[PDB]
Amino acid sequence: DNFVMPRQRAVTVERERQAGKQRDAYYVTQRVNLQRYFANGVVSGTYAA
Amino acid sequence: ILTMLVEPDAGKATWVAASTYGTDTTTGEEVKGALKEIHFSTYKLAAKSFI
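So the protein sequences, as listed, match chains E and J.
In this text, residue positions in the first sequence follow the deposited numbering: the first is 409, and each later residue adds one.
In this text, residue positions in the second sequence follow the deposited numbering: the first is 205, and each later residue adds one.
Some hints could be false.
[Said to hold, decoys possible] Simulated pairs of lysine-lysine, BS3-like, Cα-Cα distance not exceeding 30 Å:
hint: 1; chain 1: E; residue 1: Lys-429; chain 2: J; residue 2: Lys-248
hint: 2; chain 1: J; residue 1: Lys-216; chain 2: J; residue 2: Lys-240
hint: 3; chain 1: J; residue 1: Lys-216; chain 2: J; residue 2: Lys-236
hint: 4; chain 1: E; residue 1: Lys-429; chain 2: J; residue 2: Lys-252
Keep in mind that the hints were calculated from the coordinates and are not lab data.
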């Protein structure tokens with residue numbers, strides 16, 4: 409419950425006909441992060457050192 | 205004067221190769237051209253006789 413994925417853009421795909429390079433370029437971009445509402449919340453484990 | 209326009213001579217396309225498929229050279233090289241002009245004008249012949 410402490411973690412939320414702040415969004416802003418979803419995966420969005422855009423095609424640019426590059427033309428010059430004959431290429432067609434597809435760009436998929438998304439803005440998203442993982443943030444914790446509060447600082448505590450996750451404890452991880454580790455193999456020993 | 206008369207100044208007709210003369211089309212320029214032909215360019216050549218560039219045969220791009222296989223590496224240059226995604227690069228900006230995949231479109232070859234510019235077939236630049238420029239018209240050239242010819243100028244037509246007349247000089248004069250005259251003569252006279254009196255009787």
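Honestly, which of those hints from before does the structure not fit?
Result: hints 1, 4 break, sorted rising.
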